[PDB]
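Have a look at the structure below, then the notes.
Of the protein chains in this complex, one is absent; all others appear in place.
Letters are used for the chains, namely A, B, C and D, taken in the order the chains are written, and counting of residues starts over at 1 for each.
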Amino acid sequence: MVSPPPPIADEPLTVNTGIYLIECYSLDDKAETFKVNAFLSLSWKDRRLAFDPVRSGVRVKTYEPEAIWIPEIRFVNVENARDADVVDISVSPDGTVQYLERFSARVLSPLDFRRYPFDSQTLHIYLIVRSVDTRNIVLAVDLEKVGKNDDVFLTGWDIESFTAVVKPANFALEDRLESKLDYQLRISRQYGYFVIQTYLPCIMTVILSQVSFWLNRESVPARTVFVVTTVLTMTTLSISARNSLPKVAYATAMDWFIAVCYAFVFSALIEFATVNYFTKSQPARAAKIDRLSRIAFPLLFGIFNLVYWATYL
Amino acid sequence: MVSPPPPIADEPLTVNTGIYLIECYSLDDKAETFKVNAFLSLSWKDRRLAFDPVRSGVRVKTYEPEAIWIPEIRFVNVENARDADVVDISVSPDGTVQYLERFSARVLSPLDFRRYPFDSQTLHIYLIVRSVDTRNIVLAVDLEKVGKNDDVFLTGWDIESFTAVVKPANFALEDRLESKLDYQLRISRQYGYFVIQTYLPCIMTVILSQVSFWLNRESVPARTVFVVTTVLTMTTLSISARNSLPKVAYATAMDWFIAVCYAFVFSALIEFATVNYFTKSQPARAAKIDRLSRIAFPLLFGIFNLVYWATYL
Amino acid sequence: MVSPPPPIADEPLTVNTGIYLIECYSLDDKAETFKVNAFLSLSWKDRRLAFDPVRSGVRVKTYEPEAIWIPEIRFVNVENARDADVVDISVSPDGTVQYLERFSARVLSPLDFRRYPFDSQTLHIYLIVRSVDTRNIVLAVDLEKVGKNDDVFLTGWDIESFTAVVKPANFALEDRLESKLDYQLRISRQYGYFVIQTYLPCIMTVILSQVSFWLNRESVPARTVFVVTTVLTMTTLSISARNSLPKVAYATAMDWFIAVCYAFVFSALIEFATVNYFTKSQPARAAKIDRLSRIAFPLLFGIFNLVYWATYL
Amino acid sequence: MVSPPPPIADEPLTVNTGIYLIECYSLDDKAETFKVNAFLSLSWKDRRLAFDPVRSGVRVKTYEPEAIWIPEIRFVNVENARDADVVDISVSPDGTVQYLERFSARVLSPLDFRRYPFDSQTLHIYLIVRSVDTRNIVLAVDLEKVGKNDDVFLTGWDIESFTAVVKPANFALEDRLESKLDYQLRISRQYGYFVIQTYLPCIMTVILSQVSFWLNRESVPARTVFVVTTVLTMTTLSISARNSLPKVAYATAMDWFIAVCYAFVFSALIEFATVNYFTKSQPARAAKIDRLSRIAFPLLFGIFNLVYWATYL
Partner (left out) sequence: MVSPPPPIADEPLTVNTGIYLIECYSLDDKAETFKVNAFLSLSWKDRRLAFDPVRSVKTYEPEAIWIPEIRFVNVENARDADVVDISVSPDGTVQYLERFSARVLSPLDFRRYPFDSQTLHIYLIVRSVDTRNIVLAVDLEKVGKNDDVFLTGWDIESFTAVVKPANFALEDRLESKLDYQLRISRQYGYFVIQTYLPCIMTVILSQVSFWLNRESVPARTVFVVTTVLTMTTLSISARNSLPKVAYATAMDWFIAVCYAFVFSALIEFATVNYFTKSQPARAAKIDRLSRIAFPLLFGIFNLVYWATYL
């Protein structure tokens, strides 16, 4: 068929859109993609399909997508074109078409890891339509048709809300009008897992590094093993932790925690080296160094943990 | 075509459903997905298709799916629309259509890892049908048509039973009635593998850490090597083990075992540090500490193992 | 079309089947799947297609799959429906259809790792056909049409034989007769690779563990490094080795070898701890322990290797 | 249909091409591939489609691709044939066809890692068309139709520009003329990530290796632990780092940095061995060695870092 001609001769055709999330899975932090399976509902007026509700003994009548003109609606931030199965098409006596499909798609949406792993994100799904030569087409949001099933889960996340920005973005693209809607899924990460995946190994490794201050200054190899193995452990945990993320330029909150832990551990190494350096000559100085490290380190570390967990919680 | 109109003018069309599991594979603990290949059987009454068994020399007659109306049956908790090959369609003289297809699909079903690796799960397969404007459609379960092939296996699991909840869940979705059935595959994990993957390295690492109490207190480096390497081994086993699971918020039984082992090992480190701290001044105290530790540690560890394996077995 | 009517009115239609392996690749131990690319040949009698060999000056005549009835043959133990390209269809004057297609498929067949890596397996490919309402259909095996190309290889394996069980399994399924053939690919693993992947690191790690008995008893740290590092090496090799297999409940022969090596190494640890425990008081006892160990350990290990390699070779 | 015949009887048909990047993702350094989703716009003259703008009350008129001849345009440096959805086809009264599709494709384009990770690249997308026997076909670039969406991101790169080389490469291939255009996406890597992934572990490992010069020369085991563990750490970081790249023949800037760090650390090992060799006889020599090393090493390292970061920044 052809696009619905304008009654006002100069009126844009608006398509009322709605998405209802059925399934949400495969949120890939490294790929910054996730997979979604949902209903897409579109609704518009085409009087050419109108009919008398009394002369015609049918109350609605239903068409197949090949029978009538349907607007070409595309997703923007997606990897391939979605896979969709048309579910239903119902026309009204006045000519109002209500189209309903179920689709799955891999959406590509960038994440802000600065606050990670205490981060919240807004996943975006951009709808777009390109105007034809006969008529301009404009997108709109039917709030009645937006929502998500209750059994929608992201195993690592809390799902806050799924909403749409009602006013669309209309703009020129290659000499035609495009209309783009922004659906927004707000989510916040469940950080507890990482607490026992990285934060505990780091804190315990720092404590282990601090145990060296209580060993006899003359047993140099023991303290060497402690300091060195704790340093290498810190480095390994750092690299391991950053291996979960994409190659982002900035630093995450976990990056800061790990870097400060590395500071404390390397400071323990420098302390061990200084004390050993002063052990023969000036044993009073070395002894005082151990005494102060033994008080300062766990105190500064406790204060640091307090400021950090107070801040990011 | 269109849906069969009701004879009672107000009667819902019920679709008799059945699933027969043929193949079950690719149970991914991290993705909380598994792949299934089975028969789907549907059966309903469409009088329009009735025929004279005598005038028509056929006792059944068979149609192609394009020939007759077939209800749109969808899976809910699936990643993509299933891949199906229609196997057979048999109409009865009275108009009873019996439809049979074979499908494969990737089902997405969440797992409860709290008791892991001693966990049981119910994998769900939700069938759903959406009512059309001419008639409401309702799902039901033909028990004769439910089951699973004997050579169905989950390499890591024992399969208990495959049953269906007979009463469906009917609800409103985007202004239409939907009918949902819940097929339930009950399975229980075979934990033995993990016993030799994680639990043994942990137990042996604890014993190794305890060996340090029997080394001469003056040979500080040896005990340092024991304690430190055992601590780092415990940390490595913990991280490694938790790397097999999805980012669940809670803690598994394995988490508890590993955490208690880590408690014992780090406690052995603190013991070595205390003994070394009291070795020059008050050697009687240090000696008494080792004397008691050699009895307490393996005893508390044996008791703990008793409570744990007694509980989770 | 429709299925060939029976001449005996009560005679089952047999389909003569054959598979000719062209390519065999991607044997996945963890997934218990492999990919196969082969010929499938079917042969049956449809009198409707018969013709006079003299009146018709053609010796065979060939049809397209859409032209004639073709039996719906399905694989059982497969992940998706196969991908098939029809190669040829030739009818005989008497009505004998010979159909030939080339297909690729991902077959799922469980492996028995108990004897691994000295294991042999039977990979299964189950063919099946479902009876229609007009006639019962039964599978059979045409040995002339079974075989494999000589350049068929599964890297890391010896291919013994590819045969078929001639008598099929006929059984009732959802009120219809099904006919199932069992094609069997017998293979045996090439263990030599693992000899240099796991067995040598273990044997050398045991020898290294035994070196500790010859170091001076007063150099406690050296022996500590030996015993501890060798123990951790054993643990690492065990975990690494079991990482190649699926989560099987049982233990493989490699598992037994590694476990016995761990027994010897941990026993060397206990020996080092005992000798160190008796080094100050009763130096004769410790000396005797080292003296005996230096003979017993490598002897018991040699005998063990003798029994093991004698058994599994 | 067939291609538009030439008016000059000898004139080549040019197709005006444009690509508008919508989505850019999955830049795989190891595979040297990336995935792209964009608009492809083609424009050519087919006087067979001309029409009177007055007799025909329409100003453009739009066709389906099956209705009219469309040039076979292929990508060269792609893995599979692209996936395209035709978006619009608009003819002008003069016969000017404007075709617009949206496609996704996996482009294969080699990278120059010599300056990695301080590298810039030009990703190429080569368009090509093969001439038919009725007419030669030539490609051209419509600058109005080239560009990229503002929300185009490579989660690790700065995108400089997306341009086209206007003069195409025309050449003979298998006895027909081929016409090839070169679209060029210029990008430059964000190296900061690697600074904290590899460069910091290396620098800290070097400093740690230098700490050994300040330990008492008599505590030989401590210095041994330092030097040896730092050497193995350097080796591990080197291998790990090169594990991110494809098997390129040449050496990267990171390769040079790591190799120089390895030089400094192994030189620290040789220094420790020499000092230990001269510790009993000629302690003055050993002392002089440590005294000089403590000044030389960190100076040569500082200067080295200055030249390196000055050069590659």
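In the analysis below, contacts are C-beta pairs under 8 Å (C-beta built on N, C-alpha and C of every residue); 3 or more make two chains touch, one makes a residue touch a chain.
Trainee: For a quick check of understanding: of D:5, D:6, D:246 or D:283, which residue touches the chain that isn't displayed?
Mentor: If we include the chain that is not displayed, D:246 is the one touching it.
Trainee: Identify the residue among C:16, C:17 or C:41 that touches the chain left out of the display.
Mentor: Missing-chain contact among the listed residues: C:41.
Trainee: With the missing chain put back, which residues of chain D would touch it? List them for me.
Mentor: Residues of chain D in contact with the hidden chain: 31-33, 72, 74, 76-81, 108, 110, 130, 132-133, 173-176, 220-221, 224-225, 228-229, 231-232, 235, 238-239, 242, 246-249, 251, 255, 266, 269, 273, 276-277, 279-280.
Trainee: If you put the missing chain back, which residues of chain C would it touch?
Mentor: 18, 20, 22-23, 25-26, 35, 37, 39, 41, 59-60, 62, 83, 85, 87-88, 90, 100, 102, 104, 144-145, 149, 151, 153, 155-156, 190, 192-194, 196-197, 201, 204-205, 208, 211, 214-216, 219, 221-222, 225-226, 229, 233, 240
The rule we apply is simple: only the chains that are shown with their structure count from here on.
Trainee: Measuring from the mean C-alpha position of chain A to the mean C-alpha position of chain C, what distance in angstrom results?
Mentor: 42
Trainee: From the C-alpha centre of chain B to that of chain C, how far is it in Å?
Mentor: Computed from C-alpha means, the inter-chain centre distance equals 26 Å.
Trainee: Which positions in chain D touch two or more other chains at once?
Mentor: Chain D, residues with two or more chain partners: 221.
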